[PDB]
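Consider the single chain below, provided in structure tokens and representing the form deposited in one PDB entry.
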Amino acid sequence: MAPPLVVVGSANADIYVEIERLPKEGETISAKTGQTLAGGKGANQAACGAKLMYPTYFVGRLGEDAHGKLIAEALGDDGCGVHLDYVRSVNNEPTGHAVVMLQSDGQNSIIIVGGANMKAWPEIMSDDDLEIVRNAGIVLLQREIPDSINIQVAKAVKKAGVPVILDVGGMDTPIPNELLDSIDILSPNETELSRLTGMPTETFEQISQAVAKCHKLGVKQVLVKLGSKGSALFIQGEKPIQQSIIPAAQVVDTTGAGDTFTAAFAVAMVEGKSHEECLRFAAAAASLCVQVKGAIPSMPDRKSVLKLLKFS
């Protein structure tokens, strides 16, 4: 009954097919194999939070189709234990999905269908949806749903005094200043930090500088994801702190690990942990995540993260 993690964002069916080579206009080919998996940054972050045994709601839009049931199954009672009260399904849009064509040479080809993620939201968020974010302990957004929705959520949480984190992952359009001005923590990776600031991010000094531009744009806190280099938390009026990776024994699959990092950070934060302990909690979670194939099935339970953290 603690103030919940509330994730508002995307849910996707990820349709992976293993093919020797791409087809041609008319060519029917046969994949070696194929699998369809629950994904999307919003669903991933919600799954992570629920698996960490923190009360978590997902606010998203699905189609009334098989891929929608796939997501609900993965996230809900028989899966991760996300509260799905505020997920709505519609009959005029497909569940969002991605066709991923892994090829016999190492190259990926992807078709992304935004579907319900981009087209099933209302013009104006319902009072019901806004009520769950007002009652949240913390709110997580990404950029795989319309700016309109992110902005309306951001405004409500700001008035309610609820912290909100915006993951920059998703579409590569500019971020509206009204969104930047209404969020507590911006969370880009190195490449995303560069794209929105038009500055280099090859060195930590360059990163600090792009982050300085972020402060000027209205963002008091930036949680920078650095891949193998770990992460860095920048708070205006303070010294940037850093956390290196907690090295994985083996990197099986980095899919979902940035989402795990972000959501785990949010869980540690809302649990009242220090900034240092938040970064380390998140590092530990991302680390367990990359050691296992897949996205949502790779995400660690609280017991495993805490176990890994114990090590000296």
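Here the rigid core means the biggest group of C-alpha atoms that line up within 1.5 Å when the two forms are laid on top of each other. Numbering follows the first chain given and starts at 1. First, how it differs from the form deposited in another entry.
Just one of the listed positions, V252, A31, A248, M53, moves its Cα by at least 2 Å between the two forms when the rigid core is held fixed, and it is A31. For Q236, a C-alpha deviation below 2 angstroms is recorded between the two forms after rigid-core alignment. Relative to the superposed rigid core, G161 undergoes a CA displacement smaller than 2 Å between the two forms. Comparing the forms between the two forms, the C-alpha position of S109 differs by 2 angstroms or more, with the core used for superposition.
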The other form holds:
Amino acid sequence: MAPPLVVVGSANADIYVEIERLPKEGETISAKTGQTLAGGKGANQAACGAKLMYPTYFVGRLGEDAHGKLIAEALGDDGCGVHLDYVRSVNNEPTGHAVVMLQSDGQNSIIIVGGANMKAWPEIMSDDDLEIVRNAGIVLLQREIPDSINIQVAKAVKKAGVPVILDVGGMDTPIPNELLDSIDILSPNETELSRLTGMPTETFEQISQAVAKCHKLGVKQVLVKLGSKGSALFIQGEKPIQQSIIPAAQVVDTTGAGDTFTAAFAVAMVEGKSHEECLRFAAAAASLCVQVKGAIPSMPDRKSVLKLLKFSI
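Form deposited in one PDB entry already given; the form deposited in another entry follows:
Single chain only below; no partners, no other molecules.
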């Protein structure tokens, strides 16, 4: 086959509940409604690539439970078409999940259980496992699995010569410099970029400043996601490429948009498109993503993204 998109990272059951207010301590309240959906930044990114019709493998750890089966079904042959050969399930850990509480004011609130995502990985990565990443055309990581696993994967691709992208989404902890040294593209949003470098990110000069610091952490390319403000690709020693959002007819649900943007950029990149085309393609995929409820259900197919591109730029 063509050199595959290989995603190593998390899979979550997202437990959404609609409440009026957050419950007080010791207090029992009722929710209006609820929904449980397949998610996790890793599974999201893999679903995205598969829907865009690029050969995609997901490397992850699931529990042997209902939440785990939910994931496999959404991603697999009856869903997005992700190759699940390297997903392993354990019986001593639960599939990771997130209780997402949508209050009536408009904000969100999240409790995350690491589960298999954080606990079912081996101390040392098997060669059998590392062979898929060694055959990748491009590798995507996030920060919802252990740093140790991320580092071992990145290093295994370094000694293989193929792009490794690290989405900063996930844990709010500082990134191991050992990890930064081993990736090709860093991909943060505004807060993550700010939190990471400590520097303000309210303005483009400020953002460029924060990126300059990323360059000094050893990262040659930074793909900054600015939400409504668009995106930019910074390549050390070159002029930044900026891309505004592709406006959506209706913003229904932004869940998974960051994941969509990153995975679509990766597909465009591994297909050999120019950096400008990559940013445009990613922006169009993200634009479609936000018009449908749910992360994985909202992943657009390639022809829709290309159609939006034709008529938006």
